[PDB]
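Okay, handing you the structure first.
Here the complex is missing one protein chain, while the rest keep their positions.
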Amino acid sequence: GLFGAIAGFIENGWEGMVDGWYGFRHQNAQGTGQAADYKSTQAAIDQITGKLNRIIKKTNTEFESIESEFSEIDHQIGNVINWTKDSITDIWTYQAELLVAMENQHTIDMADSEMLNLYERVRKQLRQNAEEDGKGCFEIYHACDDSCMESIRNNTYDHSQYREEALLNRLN
Amino acid sequence: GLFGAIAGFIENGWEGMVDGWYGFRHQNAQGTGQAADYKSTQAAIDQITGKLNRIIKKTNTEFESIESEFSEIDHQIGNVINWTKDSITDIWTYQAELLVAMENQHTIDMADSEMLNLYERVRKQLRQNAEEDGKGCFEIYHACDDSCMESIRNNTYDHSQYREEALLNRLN
Amino acid sequence: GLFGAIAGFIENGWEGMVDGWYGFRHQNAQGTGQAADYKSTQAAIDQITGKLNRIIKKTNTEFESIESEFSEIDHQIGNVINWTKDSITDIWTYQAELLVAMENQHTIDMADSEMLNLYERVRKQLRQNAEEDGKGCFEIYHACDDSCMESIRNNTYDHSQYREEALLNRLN
Amino acid sequence: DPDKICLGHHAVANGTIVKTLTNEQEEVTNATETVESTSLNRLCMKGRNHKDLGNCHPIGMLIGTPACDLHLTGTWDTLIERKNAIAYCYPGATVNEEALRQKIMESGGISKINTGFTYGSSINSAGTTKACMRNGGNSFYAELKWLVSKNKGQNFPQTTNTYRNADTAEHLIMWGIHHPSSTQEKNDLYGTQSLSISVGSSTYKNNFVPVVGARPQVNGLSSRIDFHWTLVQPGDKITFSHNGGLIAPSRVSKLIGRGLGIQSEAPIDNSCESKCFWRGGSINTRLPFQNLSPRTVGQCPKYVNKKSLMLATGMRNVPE
Amino acid sequence: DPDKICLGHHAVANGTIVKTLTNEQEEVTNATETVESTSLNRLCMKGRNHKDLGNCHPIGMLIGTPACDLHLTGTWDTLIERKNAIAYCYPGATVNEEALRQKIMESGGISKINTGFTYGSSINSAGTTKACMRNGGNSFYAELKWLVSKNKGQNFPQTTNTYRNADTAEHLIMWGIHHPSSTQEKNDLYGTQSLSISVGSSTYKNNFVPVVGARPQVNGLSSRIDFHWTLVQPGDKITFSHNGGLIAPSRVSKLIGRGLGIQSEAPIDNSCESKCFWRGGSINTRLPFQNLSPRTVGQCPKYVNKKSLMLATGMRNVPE
Partner (left out) sequence: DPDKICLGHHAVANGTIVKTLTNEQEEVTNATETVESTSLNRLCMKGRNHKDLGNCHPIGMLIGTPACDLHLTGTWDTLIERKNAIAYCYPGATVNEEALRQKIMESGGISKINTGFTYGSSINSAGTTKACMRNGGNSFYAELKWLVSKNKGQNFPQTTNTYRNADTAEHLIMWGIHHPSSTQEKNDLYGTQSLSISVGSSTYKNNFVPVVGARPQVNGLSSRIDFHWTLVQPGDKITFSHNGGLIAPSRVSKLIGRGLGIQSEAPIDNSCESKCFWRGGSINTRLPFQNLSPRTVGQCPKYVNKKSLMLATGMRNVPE
């Protein structure tokens, strides 16, 4: 996809993550955990809500009958009306197909971008204390307990504290 | 947004930058400075100019009157004309709304991409001599005077010149 | 462009790469290498094939004559038909122009994204064993023979095998 | 050896297929329909002063067919016409029929104004027929008097009847012309004299002569009564000069304001509300498109030649 | 302490709100309008060989109403019709009036060609009326002749006149039928005989009878002159057979090429140019859309049901 995360360097989604669209799984000395990310999830949902608000509607134009259900109308004007209505149908059928195809492309790529923006925020946060494994994970080169893992998820992780330890382990 | 820079990892814009759309702020021993980036600014402006050239236009189709301003036309043909004209208005209103909604999304995301492309260009230039602070800034781990800062902006900064000093300061 | 790679940090295309859309050139002691990347190439071709399948078609709507080629129709209904047909032609001309402009923008940017995604995949594979030159190349700081180069292309390169050698050359 | 934090996104066991610009079979976590396939088999008339004509055809309201006796006048914002509805009890048709029907179904009511037509002793203004019945006896169109001469064979006298439009709005006047089955029938009802009917206003001048010719038995009758209509402008007068064959108007009509005309087979429901109607009933969907019918009236989703069109409401579904 | 280079983008104090696919209220640094809301309250006629008809109705140009004396012939690329313009100095109407008006307003000019019709010594062919004043004297339609009996009460002589179209292009011919206000008027002008008017060509056949009737007083007259028109194909002959009541053509019209018909209330301005006109004036906007009127002629922005649609011309505004 456009941003290379969803159906990209992230191998697959987590069916187990029922409390969000994006989030984190961790492994440290204490064990493993999973948590959803609220801000990224809500950013994707809000943008999709915006589309539904714009798309799920009709015009307030009041149309009246120009065709009889139960009787014959003039043949020649009937031919003009048939040509016109079929021309309008072809336009709306085409417009509908293009709208949904275009919107669907954008929805999928927008969702991809939100996954990458979270990945990128965490990368810049960890600075020189972690390395990418190419699978959507960061290998952290210091002891990072449950409170440390929370600081990363909460966007409050301070790289400066762990830098000396991380660089020693990275360079051996 | 899509590229994560404007209204993303860049906290906010600079109201003081009046000579360009994208640019640099630096801090060294000699003090602080600001300069617009011409190439990123011109890339964004040229693309918006292209949209305006395409969009700010009417057709050269010469339409003649099929409705009288001052007299009655045949009621039956009037009903067909009313149905047709209202159908055409609903189409153009829809097309106008979709055009501007789609172009606005793309214009905002294109401007975001040009901000990220300038950031990425500087990242690769600085190579191992600087680190990302996650706010759109690079911490440069050597003395970088006004000439050095200009070389980063001018795309003529040679990383190899400062590499030894930089790695020593980064690793310590 | 949106993803900054094609007509971006990659100076120009390779006319000599006739077996793929994206790929690798390398240099080591053993020799000079070139190879197309199948996966990225087929992703771009398949997405463009998707567009052609969507766009290269007509409606199955059966239209009959409402204008005589060889005789006069009623002048008043003729005026209505002229107005309607010209209105329909303005809509299809506009929709045709917008479709191709939008699809062409997306095709170019999609192709750019597939280049960047291949580049990003390589960056993550090489980890701390290589540095970006800013021109779409990676300078590899260990002996990387034809099997090593193949392993990068085939996504089987193990960074840990070469890490000690690489860090020694990078830091001293 | 080193600790790890992994970034990911959700997936679902059962994803949904949507179309994109590039992919005809793209699986996403969720999608929603944009084309309405379903309708209510009922006319949702809540908040509308509506009139259900039933067996009464709109044209029957103006000439006053027995079937239309309850719909000769009134006001409405919505008028509902049904299939097989009756206009003509006596066999025949209106000239420019569809134009009249559309005008009635465009209206927000019908007012009736007396022509004030009164006839000499030589004329009986109560001619009746087996084809048009009410109260278990031969009758006629309520809004027109069938003018007959007293003596079989005796000439219907040269009569003049003028309607003056004293109103500030145009009035719709209708009249019938008899077309005998046999040369005997023509001479029987209106005498041997060569019959002529002239209708004259400032804006309308026309001449009618009963064409003698045997038509097929319809409602047990071989002859025909064909209807004609025009508008009388404010302050203008319309004159009927005739000597037999004219079915003369007793009242003229005024169409009041505007309303929404609906042709539907679906029964009335006053409990539910709608802005969109078709032959099969009411469309209350919030979706932008519908595939029920290209023939709708009111504020409606646009008709499309599509069964389904799914809008993605989630990311790519990449299951485990 | 490391030295620092920071990358950023501009912002403005007061940004503009635009709509995107995902956001109803997206603030950007700059935007521009796509829907034109303003019109010039003038008809911009620079670069146009235009004719402003003023109080001359297009139909008046063909029959020659005094109000149209300056508009009987000429060439134009633009013809401007005004509200309440005069066609009929003598009271009456044209059959198929709107069709005729449309044809004139599509034209790029009018030529006039003599019929060459002459009348016997017992016909006065210069019947005039106070209703049609010209040069401070009783006159008539310039392109028609009111034919009456020279001797009051005498039978109008049977007359046959033929116009042949000698041209390679179709001509437009008009005639009137006089409908007297009383039997005394009919007898005085045409005699006591029964009146009959036949009009025949290859492409047109019709028969007319003067209907005597006192119509409402319009321009002081209870009588009417009603007009009929047809096209005469190249080489064809149209024949008028009449014995009283024909208002005969002295000239026929040729509509020359094509022009833009405008119906407007806006004054002419020869100092500004335009390609787009409506009732209220000229639209010279470069914008693709307009919300002034769905009724426009020329090369126009498309009408939309929108006050405003702002197109972003800058990035997201993220102020300090």
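For clarity, chains are labelled A, B, C, D and E in written order, and residue numbers in each chain start from 1.
FYI, a contact is a pair of C-beta atoms (placed from the backbone, for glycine too) under 8 Å apart; a residue touches a chain by one contact, two chains touch by 3 or more.
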| item | value |
| --- | --- |
| Of B:26, B:58, B:106 or B:121, the one touching the omitted chain in the full complex | B:106 |
| Sole contact to the chain not displayed, among C:28, C:42, C:76 or C:128 | C:28 |
| Hidden partner chain, touching residue among E:130, E:205, E:258 or E:286 | E:205 |
| Contact set of subunit E toward the excluded chain (per top definition) | 162, 198, 200-203, 205, 207, 235-237, 239 |
| Subunit C residues that touch the omitted chain in the full complex | 1, 6-7, 10-15, 17-18, 20-29, 44, 48, 51-52, 55-65, 67-74, 85, 89-90, 92-93, 96-97, 99-105, 107-108, 111-112, 115, 118-119, 122, 130, 133, 135-144, 148-149, 152, 169 |
| Those residues of subunit A which, in the complete complex, touch the missing chain | 75-76, 79, 90 |
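Everything that follows uses one rule, which is that only the chains that are shown with their structure count from here on.
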| item | value |
| --- | --- |
| Pair of chains joined by more contacts [C-beta pairs], B-D or B-E | B-E |
| Magnitude of the superposing rotation for subunit D and subunit E (Cα, nearest 5°) | 120 |
| Chain whose Cα centroid lies at the greatest distance from that of subunit B | D |
| Multi-partner residues of subunit D (at least 2 other chains) | 20-22, 98, 102, 106, 302, 305 |
| Where subunit A touches two or more other chains, by residue | 1, 3, 48, 51, 54, 59, 61, 63-64, 74, 77, 80, 84, 89-93, 95, 97, 99, 101-103, 105-106, 110, 133, 171 |
| Chain contact graph, described as a line, ring, star, complete graph or other shape | complete |
| Touch relationships between chains, expressed as pairs | A-B, A-C, A-D, A-E, B-C, B-D, B-E, C-D, C-E, D-E |
